[PDB]
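Model the full structure from these sequences, guided by the hints.
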Amino acid sequence: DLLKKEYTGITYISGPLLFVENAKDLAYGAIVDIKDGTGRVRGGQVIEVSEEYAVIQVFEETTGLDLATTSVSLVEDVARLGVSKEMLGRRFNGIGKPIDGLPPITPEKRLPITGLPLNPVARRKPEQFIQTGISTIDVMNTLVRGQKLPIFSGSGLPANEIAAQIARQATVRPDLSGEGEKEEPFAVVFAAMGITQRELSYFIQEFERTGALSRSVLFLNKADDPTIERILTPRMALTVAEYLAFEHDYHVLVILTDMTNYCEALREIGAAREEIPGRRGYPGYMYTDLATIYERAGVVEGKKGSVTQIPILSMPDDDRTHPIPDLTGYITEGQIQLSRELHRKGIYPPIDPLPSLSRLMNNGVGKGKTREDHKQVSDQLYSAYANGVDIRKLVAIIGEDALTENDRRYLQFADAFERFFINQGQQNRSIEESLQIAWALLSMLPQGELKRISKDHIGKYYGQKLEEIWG
Amino acid sequence: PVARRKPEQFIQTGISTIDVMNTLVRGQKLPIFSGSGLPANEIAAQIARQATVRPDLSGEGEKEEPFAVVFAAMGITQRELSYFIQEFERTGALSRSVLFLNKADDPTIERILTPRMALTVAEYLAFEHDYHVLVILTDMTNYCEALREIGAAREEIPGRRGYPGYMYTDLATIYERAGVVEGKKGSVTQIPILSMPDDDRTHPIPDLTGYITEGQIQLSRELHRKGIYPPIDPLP
Amino acid sequence: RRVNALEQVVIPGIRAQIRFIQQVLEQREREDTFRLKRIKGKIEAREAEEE
Amino acid sequence: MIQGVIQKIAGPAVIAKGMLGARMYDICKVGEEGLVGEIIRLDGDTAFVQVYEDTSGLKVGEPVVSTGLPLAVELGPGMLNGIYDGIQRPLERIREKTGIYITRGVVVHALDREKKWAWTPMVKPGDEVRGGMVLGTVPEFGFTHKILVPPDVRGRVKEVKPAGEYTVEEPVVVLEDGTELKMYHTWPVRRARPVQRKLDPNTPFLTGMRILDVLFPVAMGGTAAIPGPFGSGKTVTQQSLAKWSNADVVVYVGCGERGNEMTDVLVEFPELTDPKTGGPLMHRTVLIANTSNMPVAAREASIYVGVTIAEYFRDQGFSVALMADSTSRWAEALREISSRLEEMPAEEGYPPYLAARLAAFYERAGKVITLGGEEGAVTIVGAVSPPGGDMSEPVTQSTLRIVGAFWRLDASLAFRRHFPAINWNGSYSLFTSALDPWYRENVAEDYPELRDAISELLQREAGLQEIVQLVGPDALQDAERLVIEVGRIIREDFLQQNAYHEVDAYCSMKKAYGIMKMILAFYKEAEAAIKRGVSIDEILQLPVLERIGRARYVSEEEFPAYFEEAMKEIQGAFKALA
Amino acid sequence: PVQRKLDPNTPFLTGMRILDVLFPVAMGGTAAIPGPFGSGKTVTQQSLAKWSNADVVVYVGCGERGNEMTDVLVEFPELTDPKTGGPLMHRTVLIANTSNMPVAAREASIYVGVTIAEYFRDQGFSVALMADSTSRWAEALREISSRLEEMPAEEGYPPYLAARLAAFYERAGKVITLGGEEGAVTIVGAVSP
Amino acid sequence: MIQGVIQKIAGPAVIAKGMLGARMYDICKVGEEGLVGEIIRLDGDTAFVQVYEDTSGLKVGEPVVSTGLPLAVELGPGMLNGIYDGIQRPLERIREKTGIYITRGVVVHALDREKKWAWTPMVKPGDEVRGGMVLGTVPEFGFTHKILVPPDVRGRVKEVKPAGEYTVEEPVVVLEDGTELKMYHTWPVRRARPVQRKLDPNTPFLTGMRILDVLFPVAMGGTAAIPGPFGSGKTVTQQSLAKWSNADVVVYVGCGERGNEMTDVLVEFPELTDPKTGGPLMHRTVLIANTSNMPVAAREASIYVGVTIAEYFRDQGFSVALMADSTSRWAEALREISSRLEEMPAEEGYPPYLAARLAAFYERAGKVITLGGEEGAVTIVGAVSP
Ligand SMILES: Nc1ncnc2c1ncn2[C@@H]1O[C@H](COP(=O)(O)OP(=O)(O)OP(=O)(O)O)[C@@H](O)[C@H]1O
Ligand SMILES: Nc1ncnc2c1ncn2[C@@H]1O[C@H](COP(=O)(O)OP(=O)(O)OP(=O)(O)O)[C@@H](O)[C@H]1O
Ligand SMILES: Nc1ncnc2c1ncn2[C@@H]1O[C@H](COP(=O)(O)OP(=O)(O)O)[C@@H](O)[C@H]1O
Ligand SMILES: [Mg+2]
Ligand SMILES: [Mg+2]
Ligand SMILES: [Mg+2]
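Residue numbers (the authors' numbering), protein chains in the order written: chain F, 2 to 472; chain D, 121 to 356; chain G, 159 to 209; chain A, 1 to 578; chain B, 194 to 386; chain C, 1 to 386.
Check each hint, because a few of them may be wrong.
[Unchecked claim] When the alpha-carbon atoms are kept at most 30 Å apart in a straight line, the in silico DSSO-like pairs for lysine-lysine are as follows:
1) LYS6(F) <-> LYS8(A)
2) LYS524(A) <-> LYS452(F)
3) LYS305(F) <-> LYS110(F)
Read the hints as simulated data drawn from the structure, not as lab findings.
Take a look at the structure:
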């Protein structure tokens, strides 16, 4: 038409919802603009429709709205975001508007933010090993390109510093696999849900220090921003990441700051609609909603791009059985779990190796990729550490003097393992140095009890002294 | 209640741990408590195959009276069905018994109606034709679960943990049908069988059964894993 | 010494944990009963009153 | 056909009006885009439709047309070596038609209509046919595929075409009433296929894993469940069962899990070798995939399609194995749909009819005598992720009462990388006694006695561990210390199995019997030497301990010489000690 | 209603050594005898019925197992009254319920018994009331409240359980009747945790 | 204005009808008594009002009048050395009017309209002024109180009152468009006050306690939480921080606590000495009191009023410390209000939007560069009583 239609029959405003009764023309899932009587425009999304009435959720706050003057206008039927290659180095808010003072982006394409599932035929196996520079991740919980590897954190634990260090130090090793020329740097897409000024300032300073803002795209949604806007931020971030990776052959690394806040907003919307709850408070469909976010990563046959995700989430009472960590561990391809007890002893990074897991480790290790002894060394380290922890629990009861020689050896191995292997500070370690330290630690035990390593590898590498590396 | 009389005669089940230390008396409701992997079906089949009354030890020698077994199976699978058919038909025990079977894929209301038909037949035979009958209910956990499903389908608010509030009354109308009546010669004896879901005796189903029944027989997992059959623990 | 330690320290702690867990589970069952009451009241309202 | 319009859209639910005449569980076409939906309600002139595809973008007033038929599958040649979505649409055709993304409204046939198959008749005019009888033979890889009369057809035949190559749409039967039979027929997924008779289970389903085959067997027609928290090893165990079991055809069903796990099967399997035929392993596998980010309502249809295909391959005479990736996702889908209907739920929000669905699904498994007079079997292994936290959730409790085996996994064992991490105390099986006659003939005459001795040793070890927590390992006497050490030996050597090792991934029956014999002989010798006054500490220093602990990695054909040498060394070492 | 409630000052001679000596109960007082199964509740209650110095005895079964109720129904008439040598059932009133009676009948069992005891109190007698397994009466009350959707409070019991228990026990006491005479009611109740 | 009548009463929740045209989160006058209420729902011709005072004795049919404005405070000279109710009412004026009991329906002004203040101008006619700029100074108890342009004001000035003594409600500056600027302005308590930039905290907030200063420091402009059971020492710690800390202005919020804990502060503080100026300690402290037996719905308003005043004193260039006595009572107030609305609750009956409110409240704290150019900071210490 020459001028667009407006709907005025609004009789309900309560919380985030809003009912309009003359709106059968609005498509399900459409985006609308809510006009105040003073001229202010607020956005909203339609999730119900009938010949009787329609239900609209509001992104911004509902202060100042009235039932006599408010009107609803129509934007396009599908939530679409305009993307371009020119948007590298820009900053955006939670809904995609610029906040850096620069003119807006002229779109090359406009894409639906909900995305589409990847065809399981069109995928391929993640293979490339990524050297993060942290021994407890490189050796025992290896990260490969194309993996979803969330970080399970507490309240006072430093997950942000670990994420920044990984993003700074991450690189591939073409020389080990023989793939030829060195890579190009990762492109970082940073999506922030409800985040304090302290964490945001730290992240901005860290990215400015290394010059990574020229490659990055930032979607920011602060703690004082409206809550319902957090629904759209991960979807827009992943739309941009998918476009860059699969249309321009970039290697994209995506960081999601706190999935807990996203789940809180989701619970707010679900409880407003009287949905059937899940276990504690959260709606019953939360598994499906999280699955549409995580499962957008991976690699695609016949294309050079890749998408890697590092979500960060906080287990509330350090509880692994909470619904959010449970569903995340069901969907993702592993987890890195931080330990508070190691943090209290001054160990950084405080990664607890036993609850940690990497599902796609076996694709990226072995001969011709890193080295031939990687997997057996990892297994032996795991078994020895478990024995050390069990002997700790034993000497908590019976006392140190009652120990034999074997239990004392395992106990000393566990202590030295923590102090030297885990505690590394801000230093950067290559894979060879980490393997050398791991072999030096295993040399504290007799050859008889390490049954998980083949005798050739023992004959080749066993016998190193730790004093040469640390003295 | 003024028509009943006190139970005074025993039944020889053929199992030493039950006959000697936990004697079964005509008119008693004596449940068998079992776990998940424990062989309750084999014990039930053996008891139904072996049980008989002993008139020679009673009185001067007594006069013989008929005996019968009524068997009710609720929520059994195909394997248990084939096992029970082959067990009963291979030794002539079927000639004195009545079988009510309800497979797991059968509707739930039939599972609800299954034990009441068995008890109706038992009452008819005992108090019309002076039989001594023995009623065995294969699994009460299945009955409780079917009752929960039926109650939830009719929009009834549940009770203590998940189960409906009237479950205590509903189980009582099943157990309290057994007994022995003054002025009559027949009697009805019940042996309920149930599997404890959490393997805990504080679950509502084992707890409410202890209020109505007159004892218990408990199967032991350690004796079962050691190669002992039948694994009846004499202590609890 | 071992008997005294087991009688004094371990058993009361285990008992306190047991009763705490029981109280939390009871609270959760009460809350879901309230939710069921509300949804039944909502269901019965919309089926009869509307014309 | 019944036609109507829409006035309600809310997620995966669509309510239509003007639909008087529709039937329950029919298939409807929704909107001008042509989406596939199913009817579950009737209320006056309105109907309630759940949609198997995404519903965003639809508008009120678009037409809805009912096809008048329930959900059905196409059964015939060409299903092997394929991968399908939740409603049986091939994904390779979608990949050809569309890009890397799955769009809505794609129309493709389940069976390829272009391929020509060799036909060889088995009947002549004037013969009487019946439901389930075979007539014809089509070669398909290493198998010979049989064309079956549909179960609802009876009549007399006067038409046969001679040997030639025809498409699957070519009808080569004419009955006296004039009906035609083709190489394929359609069957509704919610009706169980009829059989003639059921049979007792008397043949083991060999999985190739030591603990599952030895301690907790499952029969050829039986059912099993494997519950455990995330990261415990359900999917790896199921894929090992897919690779190494002796089933003729394996149907793998993915319900609400990751797409990378399906890509791994799609890539690795064409390289591997079929254990019993020597061809590629992918020629025997059928995949049904409905990943986690696909629409919710298709999760139930995937399970029913999988079980219907498995039942179809049973009627030909094969022994079929079925792997269900997660039934908890099916339960969550049923909870999601029930929210729109506004019903009153059960304990954890699940609908009350959930327990009947699982029972109806598991009851399809068994060894039967088919309508064609042959013998087939279907065995179902269903992984149950405990949805919220633990084993007390209603899904696991409902599964516990209808399964013959129960393989409980432990998170604590998976933390210390002790795979397969089967909890020995909380697991059981019911197929031991029935399988005992087979073991005596085919494995060894004394094999059940060895199994009972191993179980007795594990029970003795489990008994003593209570005392160890109480006083510590130093207070135990020498006999109990020996029992503890032998239990540790059994746990480290016999039970543990690496699924990614080159040799340890598969273990035959006789190798397991040899290892058990070695361990029991060592225990007997050690107890005898204890009676002669030897302290336990010097016994464990023997070099034969390393010989036993590395008997896993010996190859299958190298094993008998190793067994002979190890037995001789076992005899030699303890004779010189005292 | 009564005229005035008096303080208890005469012992309820149970006829047992330990209960009369160490832990006495006064006329008009209330006593509770709990214990798990097999402890000895039923035998003691019946001994109190047989040997006490109360003029009239009321026996209430809140709903028992059928065979035990049969046992107590058969065993009671055979005994003899220690006061006069006559039948014991001449001075007793028996309230009997099993587990398959309607749930409304079992809840109102203890109120009928206490009403009859109060009726005999107004005539000038001393009445002893024995209640068997008030836990099962509590279970009946819980089931009735679940039928009415009463939002359970402590474990499954309705929030007003303590009020009903208080209303039941407070009827016991030595009073001056409206006719100017003196009577008393003594309540002994067995609890089964 | 919009006017309507009442038809429903249930505790502190009043439902009005005939209110077509009322806006969300406005302020209404309820009944003949003239109570204060706030609208949080709209449905047809009706509105749902929560009442900040006692609703006993109300009847169906009493009139409801809407003021058309949200809940706002008066910011200006005269707030120091004062004790206020949960919706900014001076308590000593209420004592003078009613006596020793706090009755409902009392109308008082927040700032004293009859005190003379010394005025010293800064601007000249023809100057261009913006939001947050400084125009004039007024002497207070040791401090220099600056008169600020309201943040949403731009214009040019040609009128300045000369140096003299005026009340708070006399126009001292007149803009070119005719806007008159007084010594005070109003701000809605739910909106965060604008700033230019936020800075990283780098100087300590000295509390005078050894364990808190040495082991677990808090920086100037940060946030901290102090949980603990009853009898652990939260109130004594917070009062010690009020006595000894180096903040320029201390704002103390009592949200649903004992009245004795506020009477002790009222009595004892004027006898003490300010650490950094030497005057009475009460001259730097502002008290907001809402005890436990006062109306429940006024607890939220007290928190927002306190944080708004603390934000106002930040823009003048001071360093402000805010102490909240308990946020658990605020959570209980939210639970009660949601229970009147029949919303589906989260764990333990709290509404699902509970975390958003706490996030928005603590986000007000930080070290900023004010609109006028000075540097201020607000630090928040909140006690949790689980
Ligand atoms: N038998 C085994 N041998 C070696 N490694 C194993 C074995 N079983 C499991 N693992 C290791 O443990 C990991 C467990 O991942 P897996 O996919 O099996 O999890 P799951 O318990 O099925 O969980 P879910 O399907 O819910 O994500 C494997 O990726 C592998 O690294
Ligand atoms: N630092 C201290 N020095 C001396 N006495 C102290 C100190 N801290 C606490 N106390 C004592 O303990 C009491 C604790 O009272 P306080 O009001 O501080 O407790 P609270 O944790 O705030 O409790 P409430 O939840 O009741 O407000 C004080 O009244 C005082 O007697
Ligand atoms: N005075 C007594 N003399 C002998 N045995 C007694 C006496 N009192 C109780 N008992 C024993 O206590 C046991 C429990 O009896 P009873 O009270 O009938 O069951 P419960 O304690 O389970 O209610 C009986 O077996 C009985 O022999
Ligand atoms: Mg898996
Ligand atoms: Mg008793
Ligand atoms: Mg205090």
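Against the structure, the hints:
1. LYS6(F) <-> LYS8(A): 22 Å, holds
2. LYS524(A) <-> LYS452(F): 24 Å, holds
3. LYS305(F) <-> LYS110(F): 21 Å, holds
Of the numbered hints stated above, none is contradicted by the structure.
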